[PDB]
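This document starts with one chain, in the form deposited without the ligand, laid out as structure tokens.
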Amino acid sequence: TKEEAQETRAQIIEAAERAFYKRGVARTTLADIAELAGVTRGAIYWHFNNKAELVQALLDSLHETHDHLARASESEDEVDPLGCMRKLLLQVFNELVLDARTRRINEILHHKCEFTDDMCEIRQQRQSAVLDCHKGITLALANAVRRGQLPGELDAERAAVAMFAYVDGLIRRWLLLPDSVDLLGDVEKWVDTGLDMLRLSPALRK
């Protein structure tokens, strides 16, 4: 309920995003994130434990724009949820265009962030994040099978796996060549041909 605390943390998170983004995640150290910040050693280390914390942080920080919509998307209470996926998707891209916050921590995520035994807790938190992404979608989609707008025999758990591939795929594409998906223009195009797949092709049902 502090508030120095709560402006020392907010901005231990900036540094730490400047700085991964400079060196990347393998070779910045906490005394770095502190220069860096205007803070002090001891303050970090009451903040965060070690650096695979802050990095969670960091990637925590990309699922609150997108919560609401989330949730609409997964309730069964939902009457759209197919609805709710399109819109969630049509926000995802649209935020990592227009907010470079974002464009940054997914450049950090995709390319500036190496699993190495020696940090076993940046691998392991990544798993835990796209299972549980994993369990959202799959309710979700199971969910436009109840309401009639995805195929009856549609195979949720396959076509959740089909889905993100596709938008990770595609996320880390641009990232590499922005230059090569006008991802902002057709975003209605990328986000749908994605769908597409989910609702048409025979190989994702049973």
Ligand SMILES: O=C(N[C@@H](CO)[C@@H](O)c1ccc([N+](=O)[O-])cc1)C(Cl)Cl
Given for the second form:
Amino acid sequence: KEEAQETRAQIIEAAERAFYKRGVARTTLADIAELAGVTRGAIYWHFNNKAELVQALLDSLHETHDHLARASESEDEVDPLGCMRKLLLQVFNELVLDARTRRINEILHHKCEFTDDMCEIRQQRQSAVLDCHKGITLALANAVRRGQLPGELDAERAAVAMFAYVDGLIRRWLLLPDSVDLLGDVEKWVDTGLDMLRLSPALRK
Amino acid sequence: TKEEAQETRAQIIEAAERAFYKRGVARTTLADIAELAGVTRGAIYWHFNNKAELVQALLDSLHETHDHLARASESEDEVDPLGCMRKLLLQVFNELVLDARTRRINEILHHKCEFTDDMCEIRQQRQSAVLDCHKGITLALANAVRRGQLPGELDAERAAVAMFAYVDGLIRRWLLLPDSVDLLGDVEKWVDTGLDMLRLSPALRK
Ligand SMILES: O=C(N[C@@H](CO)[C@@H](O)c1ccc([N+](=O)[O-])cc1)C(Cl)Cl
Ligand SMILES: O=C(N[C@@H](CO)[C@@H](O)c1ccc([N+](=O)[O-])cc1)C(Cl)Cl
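If the structure you just shared is the form deposited without the ligand, then what does the corresponding form deposited with the ligand bound look like?
Every chain and every other molecule in the complex is listed next, the one we just looked at coming first.
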């Protein structure tokens, strides 16, 4: 029950609407609280500040891909590349179909400044990205151990090349959706990225 | 013409950069730049109507340093369009790593500028600019295909979107975590990796 565990989910939903409408920079807890139907104190009970909320939205994105990620990263996975290809297809699908994922991504890329007032936001991002980076490198190592991608493949650099590509593609669809048939052509887009990892000599040390 | 005005504009723009960088585009009024640049408010209004007008000016300063190579790389009469495109991206990354002004505007563009219904002109311009850039990379690519620099069957369109995506994300990665990408030392590698995808990826063909 009680007071309400699910109040925490109600506050997050309102934080999404507020951030999407006014942007993170100019949203205050008061705004969010009025929007949720609660008091600032009810927000303070779940979050110590605005950075914590942003954090929660960020963190929510990882859930849906949890299993597919852990799969690719694991040593005992027979088909590590196959899991990464699967995950990317999910990432792009969730992005195109789920208004929730779209909005949080929109907030993250286009509605969330990095300013000296909440270095917390930029810090959250940095570590979030280094994390994702570590994960990516691990997967690349596994695909190599299994000869799914060329032997002496500079993992670190390919990881960055991957993340960059995917990241910029997401941001591109966000800015101009009707100029990237992301849904229909998911296969191509994902593979374009994947092809780079194996066919590109520049990524080979 | 009056040199007095041309100097005041150059000062508004310099201060906008320093402002937007520290406080961000969202919570920064034009009045704030007036005090920062040491100029009358109405003067900024003479120079720039709304804040979006200024942001636009910052975005613009970026294309100056590359206009030459960009044009060359698009020209149908250009003998080595892929070489041009290569040299251009090299000249983009160098200026990023070396020129603090360029780094700051990109940081503003990527990390300090929100899209809100209040200021929709910022998003519209941002869309306009990327469509501009887009049309650019397509011509260039097509010209490199036409000259057997790339695979004949390449899809210029998608290929352009891919490359831009790759270039845009890398810049951002470096702004967020500079001490990760040795963009200065490995510069040629990063430029090549992107290009390799354009010519080697079978998913980009047809
Ligand atoms: O799913 C995510 N990122 C995708 C799409 O950008 C991708 O970059 C990614 C691929 C593998 C990975 N690894 O399994 O942890 C993490 C992220 C985020 Cl939830 Cl980190
Ligand atoms: O970084 C920039 N442009 C990138 C976009 O990917 C660069 O790759 C580019 C610029 C112009 C261009 N066109 O004019 O030929 C093509 C690519 C500008 Cl914002 Cl300075």
